[PDB]
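Peer 1: As a plain string of letters, each chain reads:
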Amino acid sequence: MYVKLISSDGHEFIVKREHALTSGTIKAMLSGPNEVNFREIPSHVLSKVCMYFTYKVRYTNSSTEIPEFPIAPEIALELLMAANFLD
Amino acid sequence: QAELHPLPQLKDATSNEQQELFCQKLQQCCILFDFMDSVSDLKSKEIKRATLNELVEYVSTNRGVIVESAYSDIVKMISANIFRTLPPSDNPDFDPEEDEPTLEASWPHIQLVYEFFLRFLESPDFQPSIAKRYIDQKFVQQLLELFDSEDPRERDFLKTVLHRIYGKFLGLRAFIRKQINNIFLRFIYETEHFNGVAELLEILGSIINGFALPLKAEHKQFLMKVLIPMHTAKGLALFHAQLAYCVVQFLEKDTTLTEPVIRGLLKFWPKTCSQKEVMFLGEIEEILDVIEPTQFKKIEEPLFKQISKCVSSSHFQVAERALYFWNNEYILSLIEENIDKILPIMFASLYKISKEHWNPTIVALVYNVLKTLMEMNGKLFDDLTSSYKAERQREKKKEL
Amino acid sequence: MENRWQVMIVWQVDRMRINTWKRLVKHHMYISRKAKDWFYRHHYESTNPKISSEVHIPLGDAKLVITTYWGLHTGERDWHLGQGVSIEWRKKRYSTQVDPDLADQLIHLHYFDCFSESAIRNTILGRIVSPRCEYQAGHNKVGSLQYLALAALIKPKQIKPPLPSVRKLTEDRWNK
Amino acid sequence: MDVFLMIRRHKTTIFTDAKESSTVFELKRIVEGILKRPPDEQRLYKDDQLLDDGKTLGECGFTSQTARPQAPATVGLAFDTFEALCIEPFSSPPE
Amino acid sequence: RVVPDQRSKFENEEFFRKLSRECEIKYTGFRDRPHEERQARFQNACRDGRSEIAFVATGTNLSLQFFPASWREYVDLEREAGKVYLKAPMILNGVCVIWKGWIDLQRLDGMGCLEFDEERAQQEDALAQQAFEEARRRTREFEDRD
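Chains as they are written, first to last, in PDB author numbering: chain B, 17 to 49, 58 to 111; chain D, 50 to 449; chain G, 1 to 176; chain A, 1 to 79, 83 to 98; chain C, 3 to 73, 83 to 157.
Check each hint, because a few of them may be wrong.
[Stated by the list, open to error] Pairs of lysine-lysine, BS3-like flavour, derived with a Cα cap of 25 angstroms:
id	chain 1	residue 1	chain 2	residue 2
1	G	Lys50	C	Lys98
2	D	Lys217	G	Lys155
3	A	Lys36	B	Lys32
[As the list claims (entries may be wrong)] A short list of chain D residues far from chain G (calculated; beta carbon distances all over 10 angstroms):
id	residue
4	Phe143
5	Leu161
6	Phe188
7	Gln324
8	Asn377
9	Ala439
What the hints contain is simulated information worked out from the structure, not anything from laboratory work. C-beta: ideal position from N, C-alpha, C; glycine also.
All chains should be built: construct the whole structure from the sequences, respecting the hints.
Peer 2: What follows is the structure, given as structure tokens:
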């Protein structure tokens with residue numbers, strides 16, 4: 017009912033199993049083939073991607089005046105690397 | 050045809066001698082191995098093709114590939130091919146609408162240099178000031194003559210080059226604007242063998258969209274001296290769609306030009322061509338969706354007099370579009386306000402066509418027009434139709 | 001016995017938005033020539049004498065028709081809601097009305113430029129990104145995190161006149 | 001309507017949803033259901049204002065517009084009897 | 003059985019949640035002429051099958067338009092005297108639905124609601140349903156082959 021996520025930096029988050037289903041990589045890693061480690065991933069990048077999970081599940085198939093999801097320009101390259109790894 | 054030993058690719062070359070290898074390749078491909086011969090230089094063409102194919106890759110890849118010292122070689126490289134002697138027309142009486150387009154011989158290699166030019170003008174750095182000394186007024190002057198080409202594929206690539214030069218080079222804006230005015234002024238009254246004006250007019254569309262407000266005297270003279278008389282072109286059938294847009298867009302800037310435009314439009318009215326009038330009516334119809342009611346108070350007599358002339362036409366299509374005028378919403382709103390003056394002009398002609406034409410479809414719409422004017426101050430209609438019948442009684446007296 | 005009828009969904013708009021749409025569609029059909037396979041249909045070709053214009057957009061072997069309508073509710077009064085719009089998708093006599101937020105998404109599949117397959121990979125090592133997106137109204141959904149991150153690092157350009165949007169056409173603003 | 005919450009201490013965090021009029025018991029029941037540790041042995045935290053068992057968002061002043069699926073409200077967690088506020092910040096860019 | 007899923011999406015979809023959740027509607031007429039004239043014109047239009055009829059959410063941009071078929084629906088009036096009953100089948104976003112409404116001519120407003128139409132799903136065509144679903148399932152991003 018909750019999957020535990022460990023940041024390579026040394027942070028650990030936990031997010032519902034339903035919320036995690038929206039990402040292909042973790043589902044393939046876990047559904048079929058507990059603990060998952062996102063090695064190299066900094067703490068803040070993991071926090072932002074998980075916040076994106078919450079956002080997407082909340083604002084999925086529904087199409088309303090959903091707001092923008094801010095990403096400061098200085099924090100962009102590492103988020104892109106994380107997204108490419110996870111998606 | 051000196052032997053072209055395949056030099057190591059820039060991927061294998063280290064940081065050093067990279068420009069020297071790059072520059073040497075540009076001098077290597079500066080040659081003019083002609084493609085008119087059916088079978089010759091069977092090995093020289095592909096290595097030249099491979100180098101250009103790799104050259105396009107080289108510019109797109111990496112960032113610091115382009116350096117100041119290379120600027121001269123690229124311009125010499127590009128100018129050696131694009132500034133060619135254009136082949137003479139196969140047929141002086143060639144029909145752009147009917148005859149198939151003429152192809153180009155060196156196109157397989159030309160496709161790469163124009164691509165090389167395009168990805169170079171759009172390069173990440175491209176300091177224009179460095180290129181200001183090298184891309185001078187002489188480079189642009191010969192570039193315009195290339196629009197006279199006959200291959201349609203080349204014109205589209207050529208147009209994107211001109212827009213890139215104008216949008217980046219802040220120095221030759223006056224020259225290219227003056228050149229654009231000069232080259233058009235020839236096409237209105239001269240031999241007029243130009244064939245790329247359809248692509249040329251596309252640039253004019255994006256140059257007037259930037260015309261700052263209020264207008265200047267130089268921009269004012271553009272309309273009455275260049276654009277408006279262009280409707281007298283022999284081949285308007287292919288340039289009208291782009292020519293109609295710029296007139297409307299330019300009008301939308303300063304609305305005070307509506308009166309000169311409409312009167313100017315009515316001066317060069319088509320006389321003997323049915324197809325010319327059909328698209329011409331579409332020009333006036335478009336204007337009326339942006340016209341101001343006050344500006345209507347100055348063109349009721351001349352504009353509507355022509356429309357009352359074209360309804361009594363010998364061709365259905367000319368009458369068909371004109372009869373569709375009484376179907377718009379803004380047009381009907383305008384004619385309701387000034388019904389007192391519009392009605393006496395049309396009604397003499399709208400009633401005559403009611404019982405003389407053969408096709409019921411044209412007559413069917415006419416009934417809708419006459420019934421529409423009954424949805425107005427019909428006392429004037431009653432005053433008309435009582436007097437008008439007396440004028441037809443006066444015409445009955447003419448019969449008598 | 002009552003007569004038979006057809007029922008449509010029509011979005012009520014003001015004429016300034018209609019004429020702006022006509023200007024934008026024409027400019028990008030003809031002048032800049034990005035949307036060249038689109039068709040623009042004048043009012044004198046449909047039986048219903050309220051259609052103001054039709055735009056047909058080929059989508060592969062399907063098509064999408066956006067129809068504008070002139071005076072409905074008009075006649076004296078005023079022109080806040082003189083015109084109207086409807087959107088239809090037809091294939092082999094089959095038709096369904098589509099929300100604009102989905103109509104714009106469907107147009108963008110067979111049309112303008114978006115990031116290619118290697119754009120993401122080449123962003124990593126800085127080997128320049130090309131082509132880059134010029135139509136941000138076609139990504140109104142959430143989409144993958146990759147697109148959102150990428151759009152941040154290369155802010156797309158702005159077409160000189162605005163790119164034509166089905167969403168700008170159908171927006172109230174009057175009532176908010 | 002619903003809001004989203006942040007609870008941070010040491011190297012653990014939780015992402016969760018609840019209803020609007022929920023006072024504090026629904027949040028405490030969820031974390032009970034997640035930490036397998038009896039409930040009252042806790043204290044929520046906001047700034048420095050004390051959090052009570054019956055406190056509610058509206059009374060608390062937190063509103064739907066305060067917590068969005070892009071920056072959820074942070075309140076931390078606590079459990083032996085009492086501990087300090089170990090709000091360790093996230094990592095920073097290398098600059 | 004994807005229609006039940008579409009209906010379930012009632013809570014989570016914009017386009018079943020903005021026009022099928024109990025919303026007050028009014029007939030949008032000339033709006034200028036005096037009230038008695040408005041009622042007369044509306045009633046004349048309701049009998050005669052030569053006109054246009056407009057319905058407003060009273061507060062939105064959405065309107066329902068009934069056009070004459072010349073340019083299983085009906086506009087019944089005798090039932091429940093002083094009421095007009097509106098029934099309109101449609102296909103919305105790929106799912107076949109039925110629109111039912113009623114207007115009181117004294118006040119020129121009333122109530123409308125939207126419901127699912129059963130039976131009418133398997134006879135049209137499986138291929139068009141699947142094609143539209145597949146079309147709407149695609150994403151442009153990272154799709155082009157360079």
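Peer 1: Hey, is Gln324 (chain D) genuinely clear of chain G, shortest beta carbon separation above 10 angstroms?
Peer 2: 16 angstroms, holds
Peer 1: Can the restraint linking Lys36 (chain A) and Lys32 (chain B) be considered satisfied, given a maximum Cα separation of 25 angstroms?
Peer 2: 16 angstroms, holds
Peer 1: Could you let me know if the closest chain G CB is still more than 10 angstroms away from the CB of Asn377 (chain D)?
Peer 2: 7 angstroms, violated
Peer 1: If we take the beta carbon of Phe188 (chain D), is the closest beta carbon in chain G still more than 10 angstroms away?
Peer 2: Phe188 (chain D) is indeed farther than 10 angstroms from all Cβ atoms of chain G, at 25 angstroms.
Peer 1: Would the least Cβ to Cβ distance between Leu161 (chain D) and chain G come out above 10 angstroms?
Peer 2: 17 angstroms, holds
Peer 1: Within a Cα-Cα threshold of 25 angstroms, do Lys217 (chain D) and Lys155 (chain G) meet the stated pairing?
Peer 2: Within the cut-off at roughly 20 angstroms; holds.
Peer 1: Just checking, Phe143 (chain D) versus chain G, shortest CB gap more than 10 angstroms?
Peer 2: At roughly 24 angstroms from the nearest Cβ of chain G, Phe143 (chain D) sits farther out than 10 angstroms, so the non-interface label holds.
Peer 1: Confirm or reject the statement that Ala439 (chain D) sits farther than 10 angstroms, beta carbon to beta carbon, from all of chain G.
Peer 2: At about 33 angstroms from chain G, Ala439 (chain D) clears the 10 angstroms cut-off, so the statement holds.
Peer 1: Starting from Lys50 (chain G), check that the Cα of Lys98 (chain C) is at most 25 angstroms away, please.
Peer 2: OK: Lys50 (chain G) and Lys98 (chain C) at ~23 angstroms, within 25 angstroms.
Of the numbered hints listed earlier, the single one contradicted by the structure is hint 8.
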